[PDB]
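Undergrad: Here is how the chains run, residue by residue.
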Amino acid sequence: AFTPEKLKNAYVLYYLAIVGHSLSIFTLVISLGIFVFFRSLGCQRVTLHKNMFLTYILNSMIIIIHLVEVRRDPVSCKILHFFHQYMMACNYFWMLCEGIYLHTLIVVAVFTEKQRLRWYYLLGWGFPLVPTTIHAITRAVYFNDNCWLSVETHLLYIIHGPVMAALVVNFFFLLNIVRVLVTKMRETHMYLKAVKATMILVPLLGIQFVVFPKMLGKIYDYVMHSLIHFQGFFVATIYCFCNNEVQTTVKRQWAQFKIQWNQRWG
Amino acid sequence: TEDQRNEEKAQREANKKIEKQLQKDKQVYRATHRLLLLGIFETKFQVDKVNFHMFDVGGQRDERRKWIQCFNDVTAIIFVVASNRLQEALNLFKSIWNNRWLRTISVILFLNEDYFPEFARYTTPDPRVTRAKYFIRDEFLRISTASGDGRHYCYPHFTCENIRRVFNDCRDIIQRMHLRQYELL
Amino acid sequence: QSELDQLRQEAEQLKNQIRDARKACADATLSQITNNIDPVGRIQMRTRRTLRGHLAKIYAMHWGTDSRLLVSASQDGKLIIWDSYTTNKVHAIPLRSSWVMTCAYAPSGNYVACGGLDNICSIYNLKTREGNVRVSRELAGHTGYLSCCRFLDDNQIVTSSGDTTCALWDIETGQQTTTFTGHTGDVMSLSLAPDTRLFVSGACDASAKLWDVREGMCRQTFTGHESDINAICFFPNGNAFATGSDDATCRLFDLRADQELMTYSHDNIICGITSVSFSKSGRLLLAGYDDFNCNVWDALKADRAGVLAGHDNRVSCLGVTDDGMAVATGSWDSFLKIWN
Amino acid sequence: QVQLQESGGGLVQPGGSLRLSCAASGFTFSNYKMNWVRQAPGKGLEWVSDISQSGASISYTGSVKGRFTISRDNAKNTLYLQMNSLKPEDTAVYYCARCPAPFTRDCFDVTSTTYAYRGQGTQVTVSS
Amino acid sequence: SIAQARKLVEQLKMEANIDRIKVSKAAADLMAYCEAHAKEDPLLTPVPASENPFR
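So the protein lines, in turn, are chains R, A, B, N and G.
Residues 136 to 205, 213 to 331, 337 to 360, 366 to 418, numbered by PDB author numbering, are exactly what the first sequence covers, in order.
Residues 9 to 47, 207 to 250, 264 to 292, 309 to 321, 331 to 365, 370 to 394, numbered by PDB author numbering, are exactly what the second sequence covers, in order.
When we follow PDB author numbering, the leftmost residue of the third sequence carries the number 1, and every step to the right adds one.
When we follow PDB author numbering, the leftmost residue of the fourth sequence carries the number 1, and every step to the right adds one.
When we follow PDB author numbering, the leftmost residue of the fifth sequence carries the number 8, and every step to the right adds one.
I should point out that these hints are in silico values taken from the structure, not numbers from a laboratory.
Hints may be right or wrong, so weigh each one.
Between beta-carbon pairs, the in silico distance windows are [as the list claims (entries may be wrong)]: (1) A:32 <-> G:42: 51 to 59 angstroms; (2) R:250 <-> B:303: 55 to 63 angstroms; (3) B:24 <-> N:80: 34 to 42 angstroms; (4) A:280 <-> N:82: 30 to 38 angstroms; (5) N:54 <-> B:184: 29 to 37 angstroms; (6) B:215 <-> N:82: 46 to 54 angstroms; (7) R:150 <-> A:280: 49 to 57 angstroms; (8) G:32 <-> A:210: 36 to 44 angstroms.
From the derived model, a few chain B residues whose C-beta atoms are all more than 12 angstroms from chain N [what the hints assert, rightly or not]: (9) 15; (10) 19; (11) 87; (12) 135; (13) 173; (14) 194; (15) 222; (16) 238; (17) 270.
The beta-carbon is built from N, C-alpha and C at its ideal position, and this holds for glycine as well.
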């Protein structure tokens with residue numbers, strides 16, 4: 136009954152992956168559509184969120200075609223595998239990059255000296271490539287498994303080690319943001340309600356993997377897969393929809409369309 | 009078409025040179041945080216390489232209700248008050277508090309008894334000066350807590370070199386606006 | 001003090017006689033005789049082009065008599081001279097003070113004037129055949145803030161103030177030729193007659209009053225409003241004018257009939273008006289509200305002729321060209337969109 | 001035309017009581033916010049007490065707390081102030097003042113000079 | 008301040024001795040001016056986009 140067990144978890148998990156990334160692409164492409172359309176909403180924060188949403192779109196599409204397709215071509219499987227590893231690397235490094243943007247902006251460089259965007263762009267689109275080229279080319283020469291590289295417990299530092307170290311850096315950055323928020327809500331006149344709403348509101352910048360990581369393994373895998381696959385859905389819905397400026401802009405321009413459209417009616 | 013192309017070739021350089029000038033000036037403009045004080208006039212200065220363009224309203228008349236709506240881009244409204265100057269200052273702080281445009285703009289207060313029977317009824321949390338100034342301080346807190354706007358909060362201070374005190378307080382304002390911009394606060 | 005009070009009682013009985021004269025001319029209304037007319041219907045205007053490049057809120061605009069160029073203020077301290085047809089910033093003037101309330105453009109098409117909260121009316125020059133733009137003269141005669149400037153010519157320019165005094169300036173000397181008093185508030189705005197002989201100015205006192213430029217005296221005072229009057233615009237023939245208010249009402253007054261003709265308001269509207277202006281014929285009253293839209297009113301039937309809701313943030317000054325070809329609305333969102 | 005006329009006033013004894021009646025004429029009184037302001041002898045104008053648009057929310061100066069009361073009647077289109085155990089220092093010209101904005105919560109009408117929307121002032125004077 | 012309100016009287020007197028016409032006289036002229044140039048006002052009647060310079 137063991138291959139029925141791996142059958143149930145594997146096929147249910149696969150359909151969960153398709154519905155998660157597909158619906159995440161649905162909501163997040165609607166979010167990127169309204170952010171790219173509404174230029175008054177467009178700010179320095181919004182450009183970095185725009186690149187981040189682009190990384191979620193590319194990463195989700197590549198993982199979708201990797202799942203749907205897969213042993214036919216070693217060159218195509220290898221190249222496609224490199225593209226997926228690079229897009230994934232860029233995604234994790236760029237949500238790190240949002241982490242140092244927010245932390246630097248609120249508490250380190252609070253007075254908004256400059257955009258400093260070039261350094262951030264170089265960190266996000268320049269630095270992930272070097273672990274992927276070293277891992278893909280170098281590990282390709284070492285030649286464990288060119289198509290999948292599936293079972294390598296060690297020697298995966300070359301790509302994954304910077305990603306996990308980067309997320310740990312994002313973790314104690316998040317701890318710094320929480321301590322400055324609670325020391326600037328105690329003086330309001337400790338608000339566990341607000342630190343709970345924000346402590347669950349924020350971790351989509353990358354904190355889940357650092358924090359929480366046979367029956368227990370199955371349930372833990374279920375919750376983790378549910379989180380990672382619907383992560384882009386989550387960042388689109390709470391980082392897009394609950395924004396007061398965004399809901400104000402879509403209700404206002406929606407109202408303008410209704411009144412102008414009403415004029416169109418007669 | 010020689011006149012039309014010469015006109016466009018004029019506007020090519022004129023538009024690119026002027027838009028380039030504005031692009032250069034915009035980075036300088038964002039680098040200034042403006043403060044309004046009430047209580207030749209314009210003064211812009213440097214605190215930790217931070218540019219503050221401050222306006223004094225001493226060249227205006229007593230009527231205030233239509234030049235204060237020009238100040239909804241300011242970062243902080245400074246009140247320099249003293250000792264019936266007090267009760268009309270509480271009138272003024274309430275009047276700018278409940279204003280339909282200025283609900284987002286914060287306020288910093290500075291201070292630099310026979311009208312109040314509540315003065316003797318106060319409990320302290331020169332001691333007569335101490336109970337007086339904390340009575341006034343709590344009294345100003347009564348309008349902010351009574352309204353409950355939530356977007357802007359009154360920032361009292363005292364005297365007995371204010372510019373570092375107002376710079377650090379302004380830093381608190383910038384942090385709260387930037388922080389709540391992520392829908393956190 | 002008996003003689004003072006009895007003299008005020010005689011002032012009260014003949015101003016009561018003034019009110020009796022107003023009832024004496026009040027035989028009909030505007031709406032009854034304009035009842036038998038066909039309204040314009042739903043009229044649609046869409047943004048033809050948007051003018052981008054201001055860094056902060058636009059407090060003013062003024063057209064040109066050539067109808068081509070338009071001048072816009074801003075909060076940042078840059079009055080930028082625009083071309084409407086080819087959307088190109090023809091000039092850009094750095095101001096001496098940050099806050100400016102108004103701008104004007106010469107009917108000759110040779111000068112621009114900023115009027116700011118710094119109590120100075122400053123005049124800039126365009127026709128400098130040597131080089132760039134300069135200050136011809138700055139004017140200083142109020143103890144209050146400036147509110148609105150208009151030109152008579154290249155030599156004498158009329159300014160209102162928050163110092164309760166419309167004034168008439170001459171550029172050659174830098175002194176007030178005449179000083180208009182009779183108000184008790186911030187004089188908010190003013191519009192000239194089409195023959196430029198006379199001008200009318202609103203106030204704080206809910207009282208828009210006509211002024212004669214040569215005489216320097218309060219000719220007649222129209223009081224029918226409920227709060228401070230924000231902006232007025234003169235009717236194109238030279239016989240009436242419409243006033244914005246703060247109680248969400250537009251009123252057009254007649255200079256000769258001396259009283260209210262119509263009230264433009266709905267109960268669903270509780271927001272103050274910022275600027276009004278007429279079209280070329282005078283049939284349309286373009287009123288810009290704080291509901292982030294400018295309603296279009298028929299002059300004769302008092303219905304929403306159209307609703308124009310392009311802007312993000314509230315409006316500051318809308319204007320109509322002298323030929324009547326396009327309407328441009330400034331706003332508090334750093335973008336002004338010409339309409340047609 | 002927004003004209004405010006106020007009856008009442010006159011001479012009161014120390015410890016006396018008196019009523020001041022303000023009539024509002026020329027505007028839709030149901031929309032606005034009312035307040036009374038004093039002119040002390042040889043001093044600037046001082047705010048006293050206000051009411052909401054409904055008449056439910058009332059504020060005061062600390063010195064007038066508990067002794068003076070104000071109420072509006074929209075059908076009678078008027079505002080009243082009543083005194084209870086008046087004080088001889090209070091000899092003042094009382095103005096009946098309107099806040100300038102419709103449907104608002106703030107007022108800017110303690111200005112001594114040139115504020116339009118106020119009455120003429122009953123010379124409330126206290127005997128010896 | 009007891010003297011300055013006396014000066015208001017003569018400006019009110021000048022506003023008393025003015026010539027008024029009836030509303031039916033005035034508003035019929037405003038109807039005449041609005042009906043006069045409604046052909047030439049390009050806002051209520053739109054101009055075709057070929058010669059409409061703001062297209």
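Undergrad: Evaluate each hint against the coordinates.
TA: We went through each hint and held it up to the structure:
no. : hint                                : in the structure
1   : A:32 <-> G:42: 51 to 59 angstroms   : holds (53 angstroms)
2   : R:250 <-> B:303: 55 to 63 angstroms : holds (58 angstroms)
3   : B:24 <-> N:80: 34 to 42 angstroms   : holds (36 angstroms)
4   : A:280 <-> N:82: 30 to 38 angstroms  : holds (33 angstroms)
5   : N:54 <-> B:184: 29 to 37 angstroms  : holds (30 angstroms)
6   : B:215 <-> N:82: 46 to 54 angstroms  : holds (50 angstroms)
7   : R:150 <-> A:280: 49 to 57 angstroms : holds (53 angstroms)
8   : G:32 <-> A:210: 36 to 44 angstroms  : violated (58 angstroms)
9   : 15                                  : violated (10 angstroms)
10  : 19                                  : violated (8 angstroms)
11  : 87                                  : holds (38 angstroms)
12  : 135                                 : holds (32 angstroms)
13  : 173                                 : holds (29 angstroms)
14  : 194                                 : holds (29 angstroms)
15  : 222                                 : violated (10 angstroms)
16  : 238                                 : holds (26 angstroms)
17  : 270                                 : violated (5 angstroms)
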